[PDB]
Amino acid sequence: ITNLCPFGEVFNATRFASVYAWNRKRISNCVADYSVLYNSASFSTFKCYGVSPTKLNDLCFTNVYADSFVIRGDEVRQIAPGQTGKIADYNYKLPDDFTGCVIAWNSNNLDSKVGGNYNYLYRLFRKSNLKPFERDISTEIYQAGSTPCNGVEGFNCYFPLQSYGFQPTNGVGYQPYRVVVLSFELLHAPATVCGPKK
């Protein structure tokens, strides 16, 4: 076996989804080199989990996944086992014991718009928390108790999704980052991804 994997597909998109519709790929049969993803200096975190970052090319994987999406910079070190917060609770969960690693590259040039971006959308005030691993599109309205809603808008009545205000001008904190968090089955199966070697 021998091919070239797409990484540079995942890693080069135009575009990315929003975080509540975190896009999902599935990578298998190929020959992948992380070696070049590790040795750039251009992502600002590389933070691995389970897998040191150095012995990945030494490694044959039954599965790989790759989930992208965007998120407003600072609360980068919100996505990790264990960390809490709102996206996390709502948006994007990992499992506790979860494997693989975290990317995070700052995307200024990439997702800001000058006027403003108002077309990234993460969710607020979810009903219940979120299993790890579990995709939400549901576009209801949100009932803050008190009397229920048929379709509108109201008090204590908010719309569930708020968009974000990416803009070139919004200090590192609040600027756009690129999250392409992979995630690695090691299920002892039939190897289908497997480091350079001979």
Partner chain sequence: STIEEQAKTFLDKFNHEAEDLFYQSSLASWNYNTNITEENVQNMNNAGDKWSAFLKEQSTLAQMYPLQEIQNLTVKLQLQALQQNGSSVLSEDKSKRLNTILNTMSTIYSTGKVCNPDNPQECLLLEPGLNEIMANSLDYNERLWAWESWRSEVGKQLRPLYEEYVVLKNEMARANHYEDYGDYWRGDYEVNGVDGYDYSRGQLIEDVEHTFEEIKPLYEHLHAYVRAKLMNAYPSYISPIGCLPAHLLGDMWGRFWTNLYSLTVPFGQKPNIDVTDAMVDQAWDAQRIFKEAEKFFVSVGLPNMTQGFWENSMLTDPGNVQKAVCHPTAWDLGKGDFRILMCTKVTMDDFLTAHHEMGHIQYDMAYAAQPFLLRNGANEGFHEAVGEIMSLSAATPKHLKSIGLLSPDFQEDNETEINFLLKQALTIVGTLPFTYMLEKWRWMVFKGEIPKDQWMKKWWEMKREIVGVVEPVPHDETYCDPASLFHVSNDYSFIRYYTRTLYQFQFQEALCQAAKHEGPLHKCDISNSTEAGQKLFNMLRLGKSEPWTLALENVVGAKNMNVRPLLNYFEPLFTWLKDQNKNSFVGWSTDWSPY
Second form
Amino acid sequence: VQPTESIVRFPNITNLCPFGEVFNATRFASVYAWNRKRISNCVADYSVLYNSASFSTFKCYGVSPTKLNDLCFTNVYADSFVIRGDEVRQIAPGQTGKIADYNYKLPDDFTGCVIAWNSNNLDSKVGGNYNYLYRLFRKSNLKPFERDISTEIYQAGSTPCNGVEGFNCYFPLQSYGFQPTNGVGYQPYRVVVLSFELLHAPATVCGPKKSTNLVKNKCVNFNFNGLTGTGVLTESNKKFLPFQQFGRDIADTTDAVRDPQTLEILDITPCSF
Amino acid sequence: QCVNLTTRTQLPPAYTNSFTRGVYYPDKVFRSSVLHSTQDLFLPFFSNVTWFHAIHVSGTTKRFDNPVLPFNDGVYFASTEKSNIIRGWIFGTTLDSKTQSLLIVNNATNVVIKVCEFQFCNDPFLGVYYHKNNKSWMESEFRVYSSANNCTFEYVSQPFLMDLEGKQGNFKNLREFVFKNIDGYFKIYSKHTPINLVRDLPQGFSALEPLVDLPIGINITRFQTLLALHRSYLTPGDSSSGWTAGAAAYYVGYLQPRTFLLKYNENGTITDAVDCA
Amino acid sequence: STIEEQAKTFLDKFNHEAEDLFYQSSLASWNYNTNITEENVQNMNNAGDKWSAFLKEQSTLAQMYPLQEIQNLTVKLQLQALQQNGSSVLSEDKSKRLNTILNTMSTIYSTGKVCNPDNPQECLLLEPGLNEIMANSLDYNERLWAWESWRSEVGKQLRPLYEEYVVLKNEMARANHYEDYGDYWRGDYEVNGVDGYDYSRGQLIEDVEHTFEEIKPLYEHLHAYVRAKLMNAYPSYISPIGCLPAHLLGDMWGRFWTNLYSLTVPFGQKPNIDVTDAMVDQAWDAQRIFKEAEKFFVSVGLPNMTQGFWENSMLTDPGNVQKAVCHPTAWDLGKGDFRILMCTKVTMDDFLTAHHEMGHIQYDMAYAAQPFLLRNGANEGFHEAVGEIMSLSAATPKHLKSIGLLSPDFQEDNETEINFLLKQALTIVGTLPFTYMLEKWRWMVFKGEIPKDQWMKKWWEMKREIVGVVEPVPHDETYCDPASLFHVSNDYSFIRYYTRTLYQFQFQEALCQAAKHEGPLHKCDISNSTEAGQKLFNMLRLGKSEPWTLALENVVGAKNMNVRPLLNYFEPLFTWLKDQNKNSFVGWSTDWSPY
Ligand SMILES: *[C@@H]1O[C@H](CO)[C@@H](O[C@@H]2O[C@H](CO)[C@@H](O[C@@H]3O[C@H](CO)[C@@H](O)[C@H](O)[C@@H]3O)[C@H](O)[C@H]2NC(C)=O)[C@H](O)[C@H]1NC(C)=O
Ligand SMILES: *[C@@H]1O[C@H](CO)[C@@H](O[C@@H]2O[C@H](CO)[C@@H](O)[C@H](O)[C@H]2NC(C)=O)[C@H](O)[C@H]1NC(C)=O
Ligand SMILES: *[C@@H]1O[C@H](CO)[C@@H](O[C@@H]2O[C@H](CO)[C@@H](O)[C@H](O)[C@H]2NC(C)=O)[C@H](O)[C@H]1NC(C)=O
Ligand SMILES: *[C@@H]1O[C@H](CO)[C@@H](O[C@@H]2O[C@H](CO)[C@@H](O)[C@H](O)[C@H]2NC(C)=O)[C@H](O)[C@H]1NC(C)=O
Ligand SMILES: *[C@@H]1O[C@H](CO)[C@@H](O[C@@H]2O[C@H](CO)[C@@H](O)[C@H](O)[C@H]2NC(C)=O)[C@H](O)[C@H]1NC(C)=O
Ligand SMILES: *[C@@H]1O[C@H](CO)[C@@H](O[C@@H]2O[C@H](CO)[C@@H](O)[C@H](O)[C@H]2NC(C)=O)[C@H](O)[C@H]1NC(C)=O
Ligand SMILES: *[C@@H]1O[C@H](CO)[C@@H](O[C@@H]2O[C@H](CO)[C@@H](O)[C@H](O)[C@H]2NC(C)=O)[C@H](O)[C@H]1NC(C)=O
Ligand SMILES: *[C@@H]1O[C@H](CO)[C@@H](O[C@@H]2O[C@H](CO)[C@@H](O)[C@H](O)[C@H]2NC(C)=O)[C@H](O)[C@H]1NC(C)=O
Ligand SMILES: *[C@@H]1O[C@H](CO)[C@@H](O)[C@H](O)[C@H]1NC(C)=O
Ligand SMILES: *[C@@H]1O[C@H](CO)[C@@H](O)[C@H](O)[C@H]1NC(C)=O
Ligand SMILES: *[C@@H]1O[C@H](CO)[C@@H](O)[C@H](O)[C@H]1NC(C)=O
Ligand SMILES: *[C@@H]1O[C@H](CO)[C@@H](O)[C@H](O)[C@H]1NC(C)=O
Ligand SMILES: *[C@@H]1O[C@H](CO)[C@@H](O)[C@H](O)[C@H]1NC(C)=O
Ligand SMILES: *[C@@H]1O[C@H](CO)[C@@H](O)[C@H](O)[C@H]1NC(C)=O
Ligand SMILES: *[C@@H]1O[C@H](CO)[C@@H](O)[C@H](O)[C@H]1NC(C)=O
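Switch over from the form deposited without its partner chain to the form solved in complex with its partner chain, please.
Starting with the chain above, the whole complex follows.
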């Protein structure tokens, strides 16, 4: 009547999500041409992202950072781009400015986390790193999650711009000046945005289900895949099929279950009273 | 890139009374020496199953039937092959670029499983070339989809090289498949039984085991079978003609909700079944 | 579609481009100043030429936007600061002639030598020889010879150059819709479009004259005391009724009376507060000095210094292999980079100078949150005032004994207080009548109230009436004595010093009242006063976006400059001078002359 131990068994954590591909990417894109990598059909370990002091901002909107590994989703979008330091807070639900209106805008009901870190050691070079650009002028604000790769001359006045720059005719894309001697605020900050989407499709991306150690000849409650029972687990002499997870006796009661890590059959006996 | 196929005389579709085949494992529960009753999507023991022929006569009907068949609740796909003519299937709703579809095909090196909104064609097929120079086939001309975009699922297997030569004789291979789409999960069952027949697969019992469970929230209404074609120097034709189909035939049976009494033995394998109808 | 939106778009494009361009130019200038070579100078020249061409193009582009249709004050101020086409309204030949005149006057002032009449093989230069003779020498004949030689060898050469310079500047000012060049200079104090905070151009002259009339008694008492003290060192050269001679003021021109402290010291038996020995026995360094300055600033309530300021500035002399200019300057690169160029030695003077430069840097970081054209002080004297208030608050004995330099058992005697007040007077109030007279002479020579054949005549008349300075020998119209100064021969304004002298004491009194400090004003310390820090940051944040009157009202509570804080700063010294001038004749008479 006293289940002391509580064991949790689950299959091995394989097929990790390619977070190191978007986080440790060599070449990032500009804020106007941000990449949108799709993350699905993998286990996303968000503990390695939160437990890392390299990131300056780890704000999560509509979700808690600790409970990230305890939730499932259908697909995650990773929006990676380089932004200036003094405009990192513009990447947030309900913010205005030049980046949040003309380059990248988040919806008011955005559910996800924004991650950013200083990249002055990589994206800054002596003489000026003019490889990153940002859209400075646009006729209207952007919709949530919308790209704009247009290079049309911004017509700021009534005079029609004949595809050339001049009076009231400015180029929409302007390049950042990233020198290694710039102070905090003007230094390049690589920022990634993890957008969580939940649809009617089955949940493909979940958190890594932790696994505990086994115990034999003790009354312990168990949980392998969905079986929440209580009994004594001992080694069995039967052999299941290569696909059958658990079994049951003639009385329609859980009798045995295959361990998702060792592929061994363990008998289940109810603790006597 | 797609090329249609001409010189294909139309013949009335044949039907074959299926035997007790079609029973699979409805769950992952182990049972021994018991008779369990299940109420799930199964195939009746005797029903009309459409027989599709793929042969090539020596002269005076060349049949390469691979039409778009409906998918009501689940299809029972049985393959009687001798040279691996059937490469895979194309599941979906309209097989257009407006809705997502399921692409399962084996191109002799990997098992490609992609779920994207492809732009398929009327006659999607693979081809081999009987090259007498190096005595090798080295299949090519993968003509299944023309425009691939917005992929949400992708899976490839380890590289291999299956037998692509054209065997002569009887059907020495039987591949049975049962496809189900419930709760957004696409369940695939498979069973391989070495047989030796020419037509009208013999009566028997084979419990199909669960192979994969692909989570894809897509609607499956129609499906098309991906066959293969043989080409050599003795084939009159340039673009649409000049090909021959090896001896092969596949069967398609639709599932219906019925009650079945499954008989398990001391090893957890289904031996017999009883249909209540 | 409107003109205001087009102006805002143009201003955004300018703030994007000019920021990076000025940052590159400032990087080149910093590499040249910290490392003198033949490549850094070429890079700096190229960057400066590119920046000047960019500014000219942007001004010619912005001139197509009317200023009467803009209703936003910020955009209007940015456009007005950008449309300043000063050196481009004149003709090409006239502009080239004016540039040639400026260059030749700068070279005459810089490359100006004078040889001894008895030693023609060795001549004297301004900086090493003339300043030394006018500062540390006591011989009447030697100082008179040096003064006459400087006024004759260089003054006479700049007479026609200045006569053409004034005409060219008047033409340029009239082309820019101004009355004269003095009006163009006073336009820096002009603010319009704000109700109650307006300030015209003649009102500046009126306020300066009123402040000078209110400060005249203190300067007259100080002049009487200095004359009584100098009568001892010169028994038969200075009269107790007349004015002081021009070459006996401790300076080449009589601007600062700091070098007269050794002769006019009230109590020579007690030495001045000098913590240099206490700084060298505690093993101090320039790093420690700047760390203590940062600690003071963060205790006031201002943010810390950036990491780039500590990992990029050159706070010490690099050595003999690398040459650099050892002039303390605060560098604002523009893109969040702030540095200080100073060959800091272990000295109390360098301590106060470091506090001044860090105050400049704090002002820069405070107004860095505004557009490029507005990233500047509210007026041409706010930066120096913000630096000097910190330099004064750091030099108090209370702050010194709280840091650890001064012993805690050191008592505050009133004799040392009087000596410190007299030094501050000689270095601050001594240059106020000189600045006023020089600026008034320049204003009246630009407006046209002084004919060309009376320039030096009226100059000496004013310097004898307004200031207590009389010329030793008569100088006719060929001895252009006024042009012997750096700021007048290099086209630099001078009223900024008077304005900053008023502003520093106004800010000091305001921050001391906000710090809940009682007693005299000169013994006030605002180190641990966060209220005064916030009250000053409210003014440093506005920068140039708001009028200087609004900034003044935010920092002191009045929209006009007042001299009463300056008089309150020297109240004990005023009483002591009134007590020490009982038998002496206060004032001066213009009829006396050393002829
Ligand atoms: C989940 O991962 C664990 C840890 O990797 C697996 O446990 C161990 O798996 C190996 C391989 O199947 C078992 O065989 C051992 O292999 C090593 C290396 O070849 C060999 O040196 C040993 O002598 C042994 O043969 C091993 O017994 C097993 N347990 C331990 C304690 O190592 C587990 O099998 C994985 N489960 C799944 C479902 O992938
Ligand atoms: C990007 O690369 C860095 C560098 O390797 C990864 O940081 C490592 O994280 C693991 C996780 O436990 C630590 O054991 C290593 O010590 C870390 N490296 C260093 C140098 O400290 C980081 O995890 C990578 N990003 C992702 C998303 O995986
Ligand atoms: C193959 O034949 C068909 C019909 O004879 C050609 O027409 C296509 O028909 C399908 C379905 O009926 C449509 O989805 C296509 O849009 C049709 N195509 C065109 C161009 O109308 C088809 O074109 C033929 N294939 C080739 C490659 O010619
Ligand atoms: C398929 O079911 C039908 C139902 O009776 C049967 O085949 C039919 O036979 C009649 C008799 O000529 C034809 O007219 C129909 O066209 C046939 N229908 C189909 C679908 O084939 C028979 O029970 C089943 N077919 C076979 C071959 O057994
Ligand atoms: C069978 O299909 C697979 C997947 O479509 C092919 O594998 C890819 O082939 C392309 C083109 O050669 C390569 O760029 C990819 O890197 C391959 N990916 C993998 C995972 O192998 C394969 O080449 C095809 N084989 C044949 C014979 O057509
Ligand atoms: C047999 O050898 C031939 C000789 O080249 C090759 O087949 C051809 O290879 C060339 C080179 O890429 C291409 O024209 C085609 O890939 C092939 N053409 C034909 C008509 O087969 C190849 O090495 C071998 N081919 C086979 C089928 O075994
Ligand atoms: C002049 O234009 C500026 C815009 O550059 C206005 O500043 C805005 O002020 C409002 C309210 O104070 C803020 O919410 C905006 O964020 C400001 N825009 C910025 C900082 O870019 C300013 O208000 C305008 N002047 C007047 C008198 O309306
Ligand atoms: C301002 O506050 C600081 C911190 O409270 C004062 O520094 C302390 O002064 C007392 C008095 O001598 C010392 O006992 C402490 O050791 C000092 N603190 C530290 C960390 O050294 C400071 O005296 C106050 N006043 C000024 C003018 O700075
Ligand atoms: C891909 O298809 C999915 C199906 O719902 C859709 O939500 C998504 O927007 C599509 N992506 C595109 C068209 O880029
Ligand atoms: C599938 O069909 C259901 C109802 O028939 C519909 O609600 C749903 O939107 C469909 N999904 C797709 C992807 O077409
Ligand atoms: C059942 O398994 C036993 C061994 O466990 C084996 O001897 C027997 O042949 C198997 N029977 C069937 C029908 O698979
Ligand atoms: C100063 O400039 C010279 C000339 O290029 C160079 O050799 C030297 O390294 C520079 N000094 C420093 C400290 O960079
Ligand atoms: C200089 O600017 C003023 C107004 O700022 C303008 O009236 C004048 O035309 C400009 N000069 C030239 C030569 O365009
Ligand atoms: C300045 O730095 C000190 C220690 O280095 C710290 O205690 C203080 O909070 C900082 N002040 C800021 C960041 O405003
Ligand atoms: C300084 O204080 C002493 C003692 O109170 C007094 O005798 C002396 O007159 C004072 N001197 C001045 C100049 O105030």
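Positions refer to the first chain, counted from 1. Rigid core here is just the name for the largest C-alpha set that superposes within 1.5 Å across the two forms.
The Cα shift for residue 186 between the two forms, taken after rigid core superposition, is 2 angstroms or larger.
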